[PDB]
Amino acid sequence: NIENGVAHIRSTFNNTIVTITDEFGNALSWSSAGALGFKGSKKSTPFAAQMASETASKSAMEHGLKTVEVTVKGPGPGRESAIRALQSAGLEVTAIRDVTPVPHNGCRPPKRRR
Amino acid sequence: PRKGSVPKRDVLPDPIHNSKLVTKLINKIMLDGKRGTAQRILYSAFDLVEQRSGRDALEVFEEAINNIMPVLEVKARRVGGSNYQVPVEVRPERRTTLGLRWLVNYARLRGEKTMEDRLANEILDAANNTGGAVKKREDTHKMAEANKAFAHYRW
RNA sequence: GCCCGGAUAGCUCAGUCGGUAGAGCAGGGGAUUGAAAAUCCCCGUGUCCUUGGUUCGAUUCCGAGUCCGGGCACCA
RNA sequence: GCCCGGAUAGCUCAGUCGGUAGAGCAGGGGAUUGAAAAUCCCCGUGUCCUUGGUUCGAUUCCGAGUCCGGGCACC
RNA sequence: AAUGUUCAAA
RNA sequence: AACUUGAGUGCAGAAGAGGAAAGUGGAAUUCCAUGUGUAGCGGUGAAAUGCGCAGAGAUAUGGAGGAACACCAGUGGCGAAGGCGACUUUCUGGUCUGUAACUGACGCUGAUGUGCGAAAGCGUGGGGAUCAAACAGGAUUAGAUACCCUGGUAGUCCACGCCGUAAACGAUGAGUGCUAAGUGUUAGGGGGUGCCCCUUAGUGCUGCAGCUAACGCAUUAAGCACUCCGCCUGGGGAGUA
Ligand SMILES: [Mg+2]
Ligand SMILES: [Mg+2]
Ligand SMILES: [Mg+2]
Ligand SMILES: [Mg+2]
Ligand SMILES: [Mg+2]
Ligand SMILES: [Mg+2]
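Sequence order for the protein chains is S2 and SG. In this text, residue positions in the first sequence follow PDB author numbering: the first is 15, and each later residue adds one. In this text, residue positions in the second sequence follow PDB author numbering: the first is 2, and each later residue adds one.
Since the hints were derived computationally from the structure, they do not count as laboratory data. Among the hints, erroneous ones may be present.
The list that follows gives simulated cross-link-like pairs (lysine to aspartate or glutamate, EDC-like), each with its CA atoms no further than 20 angstroms apart [claimed, not checked]: (1) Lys-149 (chain SG) with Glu-94 (chain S2); (2) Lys-143 (chain SG) with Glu-90 (chain SG); (3) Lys-57 (chain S2) with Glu-146 (chain SG).
Sample of chain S2 residues with no beta-carbon within 12 angstroms of chain SG, all distances over it, derived [stated by the list, open to error]: (4) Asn-29; (5) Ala-49; (6) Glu-83; (7) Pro-89; (8) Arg-98; (9) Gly-120.
Beta-carbon label-pair distances, calculated as ranges [to be verified]: (10) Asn-40 (chain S2) with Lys-137 (chain SG): 50 to 58 angstroms; (11) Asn-148 (chain SG) with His-77 (chain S2): 28 to 36 angstroms; (12) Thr-108 (chain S2) with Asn-148 (chain SG): 34 to 42 angstroms; (13) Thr-141 (chain SG) with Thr-108 (chain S2): 37 to 45 angstroms; (14) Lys-149 (chain SG) with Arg-111 (chain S2): 29 to 37 angstroms; (15) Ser-73 (chain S2) with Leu-99 (chain SG): 36 to 44 angstroms; (16) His-118 (chain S2) with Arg-79 (chain SG): 40 to 48 angstroms.
No residue lacks a Cβ here, since even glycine has one placed at the ideal position from N, Cα and C.
Let the sequences and hints guide you as you build the complete structure.
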């Protein structure tokens with residue numbers, strides 16, 4: 015529980031998830047818009063990101079680590095307002111990563127909406 | 002007006018009270034063109050403040066507007082192909098003009114059976130809180146300040 | 001004829017270990033907008049089941065009490 | 001020839017365990033709006049199947065009664 | 001990214 | 001009888017997702033395994049059905065299994081057409097350029113037959129990861145069998161065998177000669193100095209002459225000539241009896 019952390023966030027169009035962990039994948043304190051009472055498509059605002067990175071980041075209480083090293087899953091509208099506002103708990107962002115799973119034409123997508 | 006910025010040009014001096022912002026609420030209690038019954042009632046509702054409150058109504062009066070002073074507006078705007086609200090902070094010229102209506106609209110609601118005494122219980126009990134009209138400005142003060150939403154909207 | 005669980009906003013649940021009452025559905029009034037439904041504010045009354053006692057004080061502990069859910073039920 | 005279910009706004013159902021009648025579809029009049037359909041208010045009459053009795057009181061319990069649905073039906 | 005039907009006779 | 005320009009055979013080189021048969025790899029989806037963790041994920045205009053403390057989704061490792069091969073990739077290439085795009089090997093068709101050594105008209109078009117022929121469908125097999133008719137559940141409207149969402153069977157996948165249709169589309173049959181010019185691009189071949197102009201073959205645009213009802217086509221003709229085959233003769237009734 016001692017002073018480390020990698021940041022795994024995703025942001026689809028619904029309920030941008032923030033979950034910070036250690037060098038392994040062990041689940042310090044996950045956080046969502048859904049733990050906060052956002053349901054009517056305020057599940058994903060940049061204001062929903064404004065209370066996303068805060069209530070996971072400030073809920074360290076065992077590590078309070080030195081850097082965060084974000085890994086950006088989920089191409090969606092809550093990206094950079096969850097990484098600027100991650101700094102508001104005082105954690106010293108210094109290098110960012112963007113990992114969204116790009117297929118190589120594996121499985122055919124679901125059909126087009128109308 | 003699609004053409005822009007009709008000029009303002011309104012003037013408001015006063016006889017004794019030495020205040021531009023007191024001849025405004027004489028211009029809203031005055032209904033039906035009878036200015037000849039406004040300051041007869043208004044100045045007989047301010048000289049009865051010090052007999053009801055602890056102080057002269059001057060140094061209570063800026064406090065009385067100061068606590069009733071509204072902060073935030075919710076002017077609805079169908080953004081970009083959607084439809085829900087947006088908070089707008091009021092430009093400082095408009096906000097007193099929005100502000101003064103809540104004295105008179107609740108002046109005609111307090112059943113004290115004398116209008117120059119029913120109306121003056123919202124300048125007393127206005128520098129001191131939880132008055133009659135402070136309830137609405139705290140009701141709409143948290144309308145979208147707590148309910149913060151898409152705040153990148155234009156209008 | 002026997003032991004428990006309790007009657008907790010108009011509906012449903014919560015702590016309710018004597019100084020120490022909460023949520024959500026509903027209702028009303030604004031806003032929306034061609035009109036309703038959604039959707040967003042602002043509000044209130046709870047009942048702590050009848051009643052007495054250990055009571056500085058009982059929604060809270062005993063039992064004079066109504067109702068219903070869990071087991072009764074034996075070789076008459 | 002036999003045992004039950006009952007005739008509950010004009011249509012369909014509800015409690016109807018003697019003091020103790022409800023919903024929705026329909027109808028009418030406003031509003032809408034170029035005109036109808038939608039859509040929103042505000043309204044009413046029910047029948048508690050014929051009739052007598054235990055009746056402080058029966059839509060409510062008996063049976064003198066009409067109609068139809070459930071079983072009858074045997075060697 | 002909508003919830004919107006119809007216009008008796010040439 | 002001969003000749004060689006039409007078409008063929010030799011020689012050199014040049015490209016190409018042309019096909020059929022094995023083999024290898026990476027990204028991703030899903031479902032199993034276990035860590036950490038706890039109150040929701042997912043969902044739309046808004047919402048619910050569905051999954052969740054019995055331990056979800058987010059994340060760490062690992063396993064299994066099937067489908068398609070991001071970047072290159074482009075009015076790019078190849079095939080008669082449908083079409084074909086990870087990589088290597090085995091077999092194999094076709095066209096282009098230059099060259100002149102042969103053969104000396106051996107060619108063109110094709111009635112009936114003979115074959116190839118997307119996608120769905122059918123038969124006997126296997127395979128089943130994502131999708132996904134019928135259907136089922138939740139909203140939407142007056143009703144919605146629909147558009148929306150959560151699931152889900154056939155099928156979509158491979159071998160063998162049928163069916164033989166489509167906006168199978170440049171809505172433009174096939175062959176051969178001839179009539180202004182610019183302009184990109186691909187595969188070559190010669191001339192002159194990584195660069196500058198000669199012609200052949202495809203393939204895009206802009207444009208006179210000409211035809212055209214007009215839109216527009218215009219050296220890849222819908223122009224000007226010939227040769228052979230297929231087809232139409234007002235629309236409904238009808239690609240039906
Ligand atoms: Mg102007
Ligand atoms: Mg099959
Ligand atoms: Mg579906
Ligand atoms: Mg085609
Ligand atoms: Mg063409
Ligand atoms: Mg004909």
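Taking the hints in turn, this is what the structure says about them:
Taking the CA atoms of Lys-149 (chain SG) and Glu-94 (chain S2), the gap is near 19 angstroms; set against the 20 angstroms cutoff, the hint holds. Among the hinted pairs, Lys-143 (chain SG) with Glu-90 (chain SG) is consistent with the structure: their alpha-carbon atoms are about 13 angstroms apart, no more than 20 angstroms. Between the alpha carbons of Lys-57 (chain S2) and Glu-146 (chain SG) the distance comes to roughly 18 angstroms, so the proposed pair stays at or under 20 angstroms and holds. Non-interface status of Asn-29 (chain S2) relative to chain SG is upheld: no Cβ of that chain comes within 12 angstroms, the nearest being about 17 angstroms off.
With a cut of 12 angstroms on Cβ distances, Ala-49 (chain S2) stays outside the contact zone with chain SG, its closest approach being about 18 angstroms. No beta-carbon of chain SG is positioned within 12 angstroms of the beta-carbon of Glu-83 (chain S2); the least distance is around 29 angstroms. With a minimum CB-CB distance of about 20 angstroms to chain SG, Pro-89 (chain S2) clears the 12 angstroms threshold, and the non-interface call stands. Even its closest Cβ contact with chain SG, about 15 angstroms, leaves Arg-98 (chain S2) beyond 12 angstroms, as expected for a residue assigned away from the interface.
No beta-carbon of chain SG comes within 12 angstroms of the beta-carbon of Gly-120 (chain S2); the shortest separation is about 33 angstroms. The beta-carbon spacing between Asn-40 (chain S2) and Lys-137 (chain SG), approximately 51 angstroms, falls within the hinted interval of 50 to 58 angstroms. For the hinted restraint 28 to 36 angstroms between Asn-148 (chain SG) and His-77 (chain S2), the CB-CB distance of approximately 34 angstroms keeps it satisfied. About 35 angstroms separates the C-beta atoms of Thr-108 (chain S2) and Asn-148 (chain SG), a value consistent with the hinted range of 34 to 42 angstroms.
At about 44 angstroms, the beta-carbon gap between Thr-141 (chain SG) and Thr-108 (chain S2) stays in the expected band of 37 to 45 angstroms. A beta carbon spacing of about 30 angstroms between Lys-149 (chain SG) and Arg-111 (chain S2) agrees with the range 29 to 37 angstroms that was offered as a hint. Separated by about 41 angstroms at the C-beta atoms, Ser-73 (chain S2) and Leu-99 (chain SG) satisfy the suggested range of 36 to 44 angstroms. For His-118 (chain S2) and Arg-79 (chain SG), the hinted distance range of 40 to 48 angstroms is satisfied, since their beta carbons lie about 42 angstroms from each other.
When the structure is compared with the earlier hints, no violation turns up for any of them.
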